[PDB]
Structures are given as structure tokens and as C-alpha cells.
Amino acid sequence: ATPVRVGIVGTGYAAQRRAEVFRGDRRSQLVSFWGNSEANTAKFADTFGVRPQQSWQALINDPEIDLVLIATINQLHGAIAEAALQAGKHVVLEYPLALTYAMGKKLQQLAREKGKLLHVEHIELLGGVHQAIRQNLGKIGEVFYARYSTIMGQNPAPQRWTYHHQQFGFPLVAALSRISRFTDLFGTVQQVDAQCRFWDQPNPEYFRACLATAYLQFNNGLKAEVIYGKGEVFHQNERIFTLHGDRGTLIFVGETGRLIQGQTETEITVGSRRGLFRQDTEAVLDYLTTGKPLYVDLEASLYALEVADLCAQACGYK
């Protein structure tokens, strides 16, 4: 039903990219938003000339909203999605979908029972690099060894939700989502070993550093290392995504990529996350206005959630 009236829960990168396209597209209208922190809420309201709702609960219950975009504090995503679906809203999330596989399945069933969209993508984190990997995996043959490491030194560690044990949640959730979206080629994860180490702040509800490591064995033979570290103890940053195959190696350093085959080295064109967010937003608008089905289905985010549960279980986490 046009225009699609949108409320945005969140003010970060994913929320801003969605807001830009919702505004620009004539099939949609940005009505309200909610932010968790005072300064970023003010900036978002100014950029997009939309007034903020004081609570996200009020936003999702607004009768002048058709669609809720969720891209906020990690812990909140499942609860906000369930509340929005119960209020008869369509829901689009930036991954995570929920805290547990069971909640993700409960959300999937609820959206079906209400006949509402439940759509999840994972674009903000290395979305362009992921498509570049997809476009070039066919070139390197059987992938047997991959390493995805994100190390971000930060001193002092802030007292915000990203360093808060409960709000941030299991630290490997986002990284494991990235490594799990090649099931089409790697098969499913068959074995997991994972460790998680924290450096607590004086207030033990916050950590000042974390190092989480997951070592995965896939069914088609791939051994993958997935590393997530941030905080006060890290003196060298690292943003590496390397995949070794018997016909070549793909190396991504940040958003920079290079194909290596024999003695040749080729630059890899990495597209913008802005373009990927726009195509996804326009596909969502297509579905809501003409019923044309989305190419993405919830199964990819559900499996990433399963992998996260499995690695947390291997960690003794929660």
C-alpha cells in the first residue's frame, strides 16, 4: 500500500543508508525514527528532517507506520522484531535477527502467521567485500583454508553498548554471519572449536577488551579461522579476509582485494555498500507494492544464527 510509511529503529550506518533510499524513492515515506543516544539522535533528525520518537515501543505501535527498519543495539533486535510483528508491521533488520535460533524461528513463524514481511540482510559489515568474494570464488577451485580476522585497538574502551556484555552479546555473532553465507559452496559447518576471553572494566558489566576465536571445519573440507578482537590490549589492528583455494588465493585487506593465481595478481573491484543497500531497499519496496518475491530468504540469516549458537556453546558463553 503506497506510500510505504517507514519507522527506523536506529541511527547508525545501516539506518542512514536505508533512510536515504526510503526518502528518495517515491513509493515510500520516512515518518519516524528512534535512537539510543542523545547526540546521534539529534544528528539523524537534522539530516533527515524527521522527528524522533521517545521510545521504540511507541514507534512500532504508531498506526501511521507500515514498515519497521531495525538497525540498533545488538541485544534489542529480536525483541523489537517480535513487538513490531505483533503490532502488524513489516520488519526489515540489519543482522542480527535474534539472540537464539529458537527466537529466530519464533519470529519466522510469527511473521508468517501475521502475513507480514520479515527480511534480514547483513550489508553494513563488509557487504561489498562479500559480493566481491562471491563473484570470484569460482576462480580459485576447491577452497581449503580461509582466515577472517578483525582486530580493532581502542584505548580507552568506552562505556557504551558495544563494550557492554549483555547489550553487545556474543562477540563473534557478526563475524560468524560473514563466514556462514557461502554454504552454497563450502557446505555446512561440521566441527567447531571456539574460545572467548574478556578483560573486564572495574564495572564488570563492561569489558575493556575481548578476544574471541573460532576454528571451523566445513563439510566440503574447508578449515576456517574466525577472529574477533577489540579493546585496550590490542596494539596492531587487522582487517583481513583471506581464502586459499587450489587454483588461487583471494586476499581482502579492508575493502581492498586481490586475486592471486600462479604468478599473476589481479585487482578486485569492490562495490559500495550504499549500492547494495539501495538495491535491497528497492527490492523490499518491490515486494510490498507489487508482491514480487525477494531473492533473499530468511534461511541464510537463520543458519548464521545456528552457527553463532554452536560457537557460543563451544565457548561456554552465556
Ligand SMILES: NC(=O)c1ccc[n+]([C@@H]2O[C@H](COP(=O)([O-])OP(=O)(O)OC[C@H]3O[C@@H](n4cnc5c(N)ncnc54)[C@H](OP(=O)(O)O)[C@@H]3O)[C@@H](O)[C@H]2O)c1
The other form holds:
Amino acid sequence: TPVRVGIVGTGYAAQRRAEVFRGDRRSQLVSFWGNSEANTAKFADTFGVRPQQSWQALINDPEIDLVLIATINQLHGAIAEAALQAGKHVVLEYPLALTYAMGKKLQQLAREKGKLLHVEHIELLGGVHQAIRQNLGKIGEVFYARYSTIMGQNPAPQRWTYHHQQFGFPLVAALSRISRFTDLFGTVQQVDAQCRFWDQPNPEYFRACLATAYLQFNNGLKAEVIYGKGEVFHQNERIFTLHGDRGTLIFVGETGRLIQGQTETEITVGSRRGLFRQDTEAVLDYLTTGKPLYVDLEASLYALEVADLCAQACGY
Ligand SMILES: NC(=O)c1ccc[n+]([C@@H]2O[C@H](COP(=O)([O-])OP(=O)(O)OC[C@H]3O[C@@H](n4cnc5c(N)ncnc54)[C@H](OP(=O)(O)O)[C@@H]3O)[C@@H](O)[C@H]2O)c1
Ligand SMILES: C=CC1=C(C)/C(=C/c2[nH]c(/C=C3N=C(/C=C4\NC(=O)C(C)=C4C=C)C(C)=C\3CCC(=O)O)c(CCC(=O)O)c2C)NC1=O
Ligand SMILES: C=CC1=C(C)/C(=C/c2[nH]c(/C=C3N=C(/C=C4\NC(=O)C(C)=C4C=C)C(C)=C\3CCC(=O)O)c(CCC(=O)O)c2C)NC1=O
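Switch from the form solved without the ligand to the form solved in complex with the ligand and give that structure.
Now the complete complex, all chains and molecules, led by this one.
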């Protein structure tokens, strides 16, 4: 300490990190690596840091102790691996990797190098998920559950989140959909999935995708995971429904209600706080005082495992 940080990426997540790292006594933002020249210059000017020429040069820099990986999904695996070999602590924005196999390597590698390997999961710090668990008890045995997120976007940009290789399998990239269910109900017994893309004229990109996963949990629960975004969607949704034999929990965006006997009581849901700030501090609290992190790497790797299985169910 101060934990000297190099940041890989200059996007939204990378900026929230820079803000907290800088403003936090225990940490020192040292370097960063980006992509486009404009945003590498914006990031450098905004935060007072100079950019490495390559991410390889960033992770080998002896004057950083921790690599923060907030770049495109496709690069998570190789960069996390190179940084662990180079003896750095590695914090990643999810997904850990684009395949379950690669994530297992990183876990094993980080173990045998004695370095922190943490995957951020801000969906587990949000109002919806905390309210779901504040209230899970009073709806009995959850037998039927669905989480639909539909993000219509017309036109679809030819940015990295619509690129097959850089984004990866959509349910691997949108790991927070499955992660929620595994955090609440544990091991999945059975996996069925379908994915369908609408290509761009340049088919490296897609203008839309619909990914559906049908999960059967060991404890009897049936769960539906619906992820869709792009040009063919005309109605947005962010709906989490949980049917128990004692009641129903429904969360529509950030509003929640408990439903018992065909009647509903409103549920208070927490503010859209700096979830990135919570995570950053959780990392700095763990590295200094040993306070356990709010999510385990094991749980993150398990979410990827279920998601990787969804990618096999789709032939992908
Ligand atoms: N709330 C969140 O945003 C959120 C939450 C959870 C996890 N994550 C994880 O965030 C990582 C960062 O995502 P984001 O949401 O911050 O996206 P973003 O704002 O688009 O930032 C991505 C960074 O992408 C770099 N980049 C883009 N294309 C690249 C390429 N082809 N090769 C190398 N670098 C490239 C961007 O380049 P330019 O300089 O060209 O912009 C910039 O440096 C992903 O794992 C994302 O899923 C994000
Ligand atoms: C408007 C553009 C916008 C972009 C480009 C964006 C990127 C983005 N947001 C994500 C999750 C998330 N993104 C946010 C919040 C934000 N993220 C933001 O970029 C911004 C500006 C906010 C909020 C003002 C949250 C809370 C999650 C967690 C979602 C969850 O709980 O599942 C993810 C991870 C993959 C996924 O779950 O789909 C990405 C790539 N989010 C956006 O809202
Ligand atoms: C042009 C606006 C706008 C867009 C394009 C948008 C889309 C959007 N919201 C996302 C996550 C998210 N973004 C937010 C929240 C916000 N997001 C915000 O832009 C703001 C101000 C909040 C404020 C709370 C949330 C809650 C998610 C949750 C996960 C989801 O809905 O998929 C993602 C995930 C990553 C991806 O696959 O690209 C996208 C595209 N939301 C938008 O509001």
C-alpha cells in the first residue's frame, strides 16, 4: 500500500474505477491502456495518468501491484492470465472469461501464484437483488422464476457489445442474469438454451440477439432466463418474477411488490448507488484488512459454467 493500479480499458466501468481509486487513500492509479486515440486521450486528460503502448506493457510494469480489467470481454482471459503470471492482483469486470475452461485455468493459476483473482458482480449489490433476499423467506418454496431483460436499440451500433467475437456468447457476457439465480438457489441440475442472431450486413456484427435459457434447479425450481437486445425489440423489459407457494415477488425495473392471496404490498428497493464504488472498496478492504468479498470467485466461475453450458446447448 498504496495499492498501485493499472487500468485496462477507458469505458464506463473503467472511469468509475479511476474515480474511486484516485480518491481512495489506500490506492494509487498508475497507468492505463485503451483503444481509440480519442478516448485514450480523454481518459488520460480526465484522470491525470499516462497510457501504456500495449496491455502487455501495462501488466508487466513492475510499479503496479494490481491490474484492473475493464475492457472488451474477449480480452479478459489472456490479460488476466498474463497479469497473474507477472505476479499482479487481478480484478475483473464480469465475465471472468468467455469459456468455463479458461476461467478454471485462471482460478488455478491465481491460486498457485498467491494473488487476488476477483470478478466484480454489481448485480449482487443492487437494490433489486437485495430486496429479493430480504423477502425470499416469506414466499415459501420458489417453484417458478423468470428474469427478462430486453434492451431494444434501433439502430444497433457496430460497437464491441454487438460483435460476436469481442462480446462472446450473450449469456456468457450478460453473466449477471444467471448469477442472480445461482446466488439464490444454488446448483443447476439441467440446462436447455436457444440463441438466435440477426446479422448486420457486415455479419461480424449482429443487429439483434435473443438468448433464452431454461434452467432446472436441484431444489425443484424451474427458471427462465430471457436476454434480448437490438433492432427487432420494440418493448423494453427488466422484470424479475418469483413464484413461491406462499407468495409472489415481482420486480419491475427498480419497483417491487409482494403478492399474497391475489393482493399486493409495495416493496422498498434501494438506490442505484455507486455499485462500482462498493466493489472497489470491497477489494481494497479485502487486500488490507482481510474482510471477505461480497461474492466468491467460486460463485463467479460457477455462473460462467452454467452460461458456457448454455453456449453448448446452442451449438455455439
Ligand atoms: N455497468 C457496466 O458497464 C458493466 C457492468 C458489469 C460488467 N461490465 C464489464 O465491462 C467490461 C467493460 O465494459 P463497459 O460497459 O465499460 O464498456 P465500454 O464503455 O464500451 O468500454 C470498453 C473500453 O473498450 C475498449 N475497446 C473497445 N473495443 C476494443 C477493442 N476492439 N479492442 C480493445 N479495446 C477495445 C473501449 O475502446 P474505445 O476507446 O474505442 O472506447 C474502451 O477502452 C465488460 O466486461 C463489461 O461487460 C460492465
Ligand atoms: C447507457 C449505456 C450503457 C452501456 C453501454 C452499458 C454497458 C453495460 N452495462 C452492463 C451491466 C450494468 N450496467 C449497469 C449501470 C450502467 N451501466 C452504464 O454504462 C451506465 C451509464 C449505467 C448506469 C447509469 C448496471 C447496474 C449493470 C448491472 C446489471 C445487472 O444488475 O444485471 C454491462 C454488462 C453486460 C450485461 O449485463 O449486459 C454492460 C456491457 N450500460 C448502459 O446503461
Ligand atoms: C441510451 C440509454 C440507455 C441505453 C442504451 C440503455 C441500454 C443498456 N442498459 C444496459 C444495462 C443497465 N443499465 C441500467 C441503468 C441505467 N442505464 C442508464 O443509461 C441509466 C441512466 C441508468 C440509470 C439507473 C441498468 C439498471 C441496467 C441493468 C441490466 C439490464 O437492464 O440489462 C445495457 C447492457 C450492455 C449491452 O449489452 O450493451 C444496455 C445496452 N439503457 C439506457 O438507459
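Here the rigid core means the biggest group of C-alpha atoms that line up within 1.5 Å when the two forms are laid on top of each other. Numbering follows the first chain given and starts at 1.
**Q** Can you tell which residue in 177, 213, 150, 201 has its CA shifted by 2 Å or more between the two forms when the core is superposed?
**A** So the only displaced C-alpha belongs to 177.
**Q** After a rigid core superposition, would you say the CA of residue 125 moves by 2 angstroms or more between the two forms, or not?
**A** Comparing the forms between the two forms, which are aligned on their rigid core, residue 125 does shift its C-alpha by 2 Å or more.
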